[PDB]
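Undergrad: One-letter residues, chain by chain:
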Amino acid sequence: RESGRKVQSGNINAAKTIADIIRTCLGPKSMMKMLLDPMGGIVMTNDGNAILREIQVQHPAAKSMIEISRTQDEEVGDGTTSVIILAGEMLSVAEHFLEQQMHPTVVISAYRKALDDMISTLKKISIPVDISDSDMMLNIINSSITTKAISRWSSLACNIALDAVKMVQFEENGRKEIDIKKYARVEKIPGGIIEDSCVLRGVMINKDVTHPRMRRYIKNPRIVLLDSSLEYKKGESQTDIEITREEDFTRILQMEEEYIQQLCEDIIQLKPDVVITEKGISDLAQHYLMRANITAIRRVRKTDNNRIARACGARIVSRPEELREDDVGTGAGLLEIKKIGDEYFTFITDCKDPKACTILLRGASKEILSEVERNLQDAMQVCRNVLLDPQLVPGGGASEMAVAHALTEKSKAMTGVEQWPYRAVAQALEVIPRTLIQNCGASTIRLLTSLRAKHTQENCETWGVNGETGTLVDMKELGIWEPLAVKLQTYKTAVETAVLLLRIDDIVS
Amino acid sequence: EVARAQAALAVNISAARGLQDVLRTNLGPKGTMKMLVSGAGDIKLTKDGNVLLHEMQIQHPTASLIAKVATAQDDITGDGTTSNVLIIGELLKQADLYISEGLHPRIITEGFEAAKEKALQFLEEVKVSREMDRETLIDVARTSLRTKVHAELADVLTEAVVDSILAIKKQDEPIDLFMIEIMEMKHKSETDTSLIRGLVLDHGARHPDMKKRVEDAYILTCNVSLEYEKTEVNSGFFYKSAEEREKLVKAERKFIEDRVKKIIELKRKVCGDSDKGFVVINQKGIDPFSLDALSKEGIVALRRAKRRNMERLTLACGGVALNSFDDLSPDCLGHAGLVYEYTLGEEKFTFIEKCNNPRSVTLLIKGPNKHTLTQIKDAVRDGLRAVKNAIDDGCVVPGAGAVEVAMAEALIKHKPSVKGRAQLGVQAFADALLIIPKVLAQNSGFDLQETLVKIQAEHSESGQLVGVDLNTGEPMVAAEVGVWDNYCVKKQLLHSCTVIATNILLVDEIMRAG
Amino acid sequence: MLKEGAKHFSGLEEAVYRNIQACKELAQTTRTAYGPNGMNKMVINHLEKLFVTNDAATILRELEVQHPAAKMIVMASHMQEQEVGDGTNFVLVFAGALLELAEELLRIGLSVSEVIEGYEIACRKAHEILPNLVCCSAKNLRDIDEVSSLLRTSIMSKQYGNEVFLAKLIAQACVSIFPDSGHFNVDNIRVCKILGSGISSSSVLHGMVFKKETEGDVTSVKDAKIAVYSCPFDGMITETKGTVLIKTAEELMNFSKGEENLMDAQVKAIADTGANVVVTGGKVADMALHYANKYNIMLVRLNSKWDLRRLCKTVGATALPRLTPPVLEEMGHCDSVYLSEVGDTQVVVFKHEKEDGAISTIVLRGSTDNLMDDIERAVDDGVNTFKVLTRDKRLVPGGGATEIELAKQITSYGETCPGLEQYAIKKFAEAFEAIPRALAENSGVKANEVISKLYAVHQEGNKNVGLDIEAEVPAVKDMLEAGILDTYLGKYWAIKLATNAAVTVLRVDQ
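Protein chains in written order, with PDB author numbering: chain C, 16 to 524; chain F, 12 to 525; chain H, 14 to 523.
No lab work stands behind these hints, which were simulated from the structure alone. Be a bit skeptical, because a hint or two may be false.
Straight-line distance between alpha carbons at most 27 angstroms, and here's what the computed DSS-like set of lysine-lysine pairs gives [to be verified]:
| # | chain 1 | residue 1 | chain 2 | residue 2 |
| --- | --- | --- | --- | --- |
| 1 | C | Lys222 | C | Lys196 |
| 2 | F | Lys197 | C | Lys163 |
| 3 | H | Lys181 | H | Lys466 |
| 4 | H | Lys466 | H | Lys421 |
| 5 | F | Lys197 | H | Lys181 |
| 6 | C | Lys381 | C | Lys294 |
| 7 | F | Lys197 | F | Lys465 |
| 8 | C | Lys78 | C | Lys191 |
| 9 | F | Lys265 | F | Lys199 |
| 10 | H | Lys84 | F | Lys199 |
| 11 | H | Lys20 | F | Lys79 |
| 12 | F | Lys377 | H | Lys509 |
| 13 | H | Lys254 | F | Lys359 |
| 14 | H | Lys326 | F | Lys197 |
| 15 | F | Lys381 | H | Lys421 |
| 16 | C | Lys427 | C | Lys191 |
| 17 | F | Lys381 | H | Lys466 |
| 18 | C | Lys234 | C | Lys191 |
| 19 | C | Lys196 | C | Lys249 |
| 20 | F | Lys79 | H | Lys16 |
| 21 | F | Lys79 | C | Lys163 |
| 22 | F | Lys258 | F | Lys280 |
| 23 | H | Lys466 | F | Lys199 |
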């Protein structure tokens, strides 16, 4: 039970401090807040998503801030800090005034037009990419890794991100939307080195299949994904009574044989060696296949088989009758039990569809690998974000100072009370520049007013202050870049986010 | 509960001084001991930076956080944790002064680094490459032990130190996880510090007078049961089967008098005499009557050994391990040119000594057996790692602040950037260096100012590395003096000092929650 | 601290102020607890047991202090007493006195190491002229008056009154009976108090004195195969039945009858295991005893662990509960095993005395144990004040005469040495007057009178004080020339051990 202006305050109130301390933590140049547990447990992070947690949370809109944050933590995970900045910016500025000017409403609307102007300006301020040139992509990843200051192994993982994620990218609604991630498969591996890893075709099966009787290598036998229903039928097509006695053992187990084979001969109809048996797994099912000298890999996940559905690019087959390569094991394909470290790894490569690879990771060991993987995970996603979005923007204040002018130019032209949000919208761009001016550790009011001028003539197209260069700069020469969507994705959120709590005057239990 | 930014940094920097200050002699011979009766609530004695940290249950995050990274140096050097804390808060003292006047917390943290380099560059510049001899290591030994204990106490310690590492320098292993074998002994005085190029055997055999002086040591380190057990034991044990117990009574001493004969024959094979000493060491119990048979053969047959000792036995002697004594060649068992089975107190601690190809060298200390006897053991043992660094680095420079000024000089003597910006960081940065001699000199004596202008002008006049007389307060050529910084030690803690001081400068809030 | 942090109960005030005072109050207690004194200090045990002693460790052991300051040092007086007899009551007060000069130096603002070393420096200087203070040595450890001259001191160093016949009876106890050549035994020399008669009636029976009742017939033979048992007879019967008495009735008459010949069995098997005496940490069993009277096995109805200890100790015995026919493990040692009556109580006696296995067991008669205890306190020390294990002890003046000797000496040097080192070395030779001030109190005079003359007597190695009227006006006794002397040894220790901590205890501010 909470009300109105006090909500509206608690909106501005909480969302203020919500938007805040992690901006000290923001920037490649940053300030890590300390976090103390009531027991005395200490934490040092630049991660708001992490910072969101140990702090005791009460304000349910702060919980809701954690929501769009986690919601964004789901999407990128980076900028979850940066998304809640601007809503904090947004909710702070227009709300109290314009609610004391009596409305969420004109505030609500104008962020539609706060959104589009930049969305427009985004397509203007962001420039297309070569996803064709991975180096044109690499610098982004070279840029993506280094705000949290990780380079060492990532410098390679940068490239390896480029490689698979363009391949792990095959997806179409017919408008060809590519979100596809789960295709990309990663491998914890002991030994090798962080500077040695790769992407192997199909989907390499690492996690739950070490299984040594897969044989080892499949030259061109098929791998078989069973939504069969390979389960032995104790009768003709059915499962007869159990075996409590000698008579039920002879007759029933015999008919259990046929249904395995007749399907496994349908499996043989696509000629495998490896059959990874998921539905209809039977102790006779593998044994027959093992009697068939068909290695039947059981006690297995359909997630593996979904990895294997993306390992051969295939589907999994409920059809008992007439099992096919294109049914399961699409394409010639491979299957190989590989030891990277000594861990057995099934590698099912050569998906029937091209753009087939999945990321092998070697560190000097699992951990220093996990160093790669975690950062590669960021590296690899920026790809499918650049692969998502083949436009990208000179960052910092360039990203920031661009639209406010058009926005103010709107507010000036729009000259409503919607102009007031476009004023409230204008400088909210510049807070991370303030943080960037924090990042350099300089005088913001100057650099703002300075960068304000930098948009008066240059129009801050490439010109922000970059706290890490310290100065108002071209962000193209300087090379500050993100795929446009990510900018918007950070930008889209806070609008709706602010607009979200812009709706709430009422908490009620 | 929360404190923001400025209020956040205070609790940080404010927590440092008093904490930091207690250590103002933790280093060099002037270093003052500190006693926990309070750490777990137990009477103790310690000087080290990192160790004292972990020892006390230390409630404050400030106290908490560096001990984690202070663990690194104490892991690496073992000392200079006895040092590093001092520059750190003094560094913390410096940066605020700007922000006190005002300045952006970034740029100061920002201005430490080229500073952290140009000074580290000066380390490259100042580092004194030295060709390590036992004497050089003797004065390397005593500079870390002066940090620990009396230079007096550093003396009898120094011997075993540079001597133990002396046989590992043979091994060409720059680090020592062996010849780190240390022993403590019942005594009225912790003064005694003994050096066994071999090992020392804690357990005595339940039978005395077996071979009390083993001259030629032929050591089979044996897991063997020469006590299977003598009476009813079934698998060697009691059980619920009489039927099996009925069968299993006799083979026991048979399996034993086997291993008896397996030693009996072995002894006479190893020896053919009681003249050449001989040793059997069981990881488990042995029949004394086995021993009785064997104790009269010229063996010292030993029992219930500790698997750890077995190794240095298996290794420093080149010893061996079997489950059946069988017979083995005399040489087939590892060797120590002498074994001295030694009782001080009521327990014979057998010295298997000059163990052939020692990879391990045993350092006995006899003492009152108090945390006194502890305060000596820890003392040598980080100096061991310290002097180990002198094996590591060929560059050892003197301590006693001979480094600091000349290092603090340049970056102050010129803005290394010729930025105020960096010099903001740098002047903050390069200043904290002086904390060590300036307090120690004043800890021991006159105000820092003189020695400072001395040591500076001296270095300015000299360039020779001149450092405090750590119980006077006057600078003395610290190289010749022997108070000595491994280029390992100082460089690391340098990094350690700064690498923490930044993001902790960067804590602009702390919430109590989790 | 300022923060929530770490662990310390010393430092700041505590180190300077409160530790020194923690280094004070108990030394303050020990001041007339050492040396010739009429001071007496009541103490209750964990037993709540009212007792008086001028011995420290007794008092010490039950004292708890949040500081290590008072805490840690007392081990030294023990480390001392580990070495010798008293002088221990001197050990700490020597420290505490010389200590609080440093907090003054702390007021005067002298650095720790600056304060530290001059003592240590002069601690040598003490030990350096300490041999110059050897005015005699120990001639006949067999002689009574050779030894009694000494023994009087630690007793005196404990208490003034009873010292003489003690110092006599202790050599009449024949500390003689050992070479004390490096061979000396206070396991073979035990103080066993008979409660009864007088303490002037207290004797010394050479051979183990066990006031415990000699049970039944005396030893089978005097080289006693000894069965020392914690519980040799716990009873052989179990009465649990329908009623745990009778239900089927005749089943009762079996075991109460069948019990006793099992006690016979055990006792016969005491005669069968071969023990010339059986020893019961547990109870005697009467039939067994009667059987042991038949078998004439000497017995002890009940045995203290203390009994069993010395029993297990010296016999080579092992005290065991036995519900079984017994097994000699304990066997023998003592070649004469007797019954005595001293204070007219059955005294189980064990004597092998070889001059090496030689047992001279002091048997204290007295009508009070607290009496014979505070006695035994000084008696504890005299024997092990006698125990130097130098037959030649380089006898140095007793009673503290050597103090003023080096007061002049080392502060005259303390004069000569320069710097802040001076008062370090100077306060050092000032540490003596404490007890010459302390006992001067119980003596009844100020220490200036004492010390000015103790100074004006100058180099003596005799002239000194204590509890006396000689200790009052003259500031002169013979703490050498009267027969009151000291071994050279504990001196070095009473000097050194305290000097170490006083140095060390300050250096720790934690």
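Undergrad: Are the hints correct? Go through all of them and say.
TA: Against the structure, the hints:
{"no.": "1", "hint": "C:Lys222 x C:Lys196", "in the structure": "holds, 16 angstroms"}
{"no.": "2", "hint": "F:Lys197 x C:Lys163", "in the structure": "violated, 56 angstroms"}
{"no.": "3", "hint": "H:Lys181 x H:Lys466", "in the structure": "violated, 32 angstroms"}
{"no.": "4", "hint": "H:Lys466 x H:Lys421", "in the structure": "holds, 12 angstroms"}
{"no.": "5", "hint": "F:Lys197 x H:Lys181", "in the structure": "violated, 35 angstroms"}
{"no.": "6", "hint": "C:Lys381 x C:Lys294", "in the structure": "violated, 32 angstroms"}
{"no.": "7", "hint": "F:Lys197 x F:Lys465", "in the structure": "violated, 48 angstroms"}
{"no.": "8", "hint": "C:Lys78 x C:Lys191", "in the structure": "violated, 35 angstroms"}
{"no.": "9", "hint": "F:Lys265 x F:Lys199", "in the structure": "violated, 47 angstroms"}
{"no.": "10", "hint": "H:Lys84 x F:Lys199", "in the structure": "holds, 19 angstroms"}
{"no.": "11", "hint": "H:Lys20 x F:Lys79", "in the structure": "holds, 17 angstroms"}
{"no.": "12", "hint": "F:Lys377 x H:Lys509", "in the structure": "holds, 18 angstroms"}
{"no.": "13", "hint": "H:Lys254 x F:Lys359", "in the structure": "violated, 54 angstroms"}
{"no.": "14", "hint": "H:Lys326 x F:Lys197", "in the structure": "holds, 21 angstroms"}
{"no.": "15", "hint": "F:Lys381 x H:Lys421", "in the structure": "violated, 36 angstroms"}
{"no.": "16", "hint": "C:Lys427 x C:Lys191", "in the structure": "violated, 40 angstroms"}
{"no.": "17", "hint": "F:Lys381 x H:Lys466", "in the structure": "violated, 42 angstroms"}
{"no.": "18", "hint": "C:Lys234 x C:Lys191", "in the structure": "violated, 33 angstroms"}
{"no.": "19", "hint": "C:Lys196 x C:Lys249", "in the structure": "violated, 41 angstroms"}
{"no.": "20", "hint": "F:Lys79 x H:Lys16", "in the structure": "holds, 18 angstroms"}
{"no.": "21", "hint": "F:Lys79 x C:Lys163", "in the structure": "holds, 21 angstroms"}
{"no.": "22", "hint": "F:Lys258 x F:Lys280", "in the structure": "violated, 33 angstroms"}
{"no.": "23", "hint": "H:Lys466 x F:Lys199", "in the structure": "violated, 38 angstroms"}
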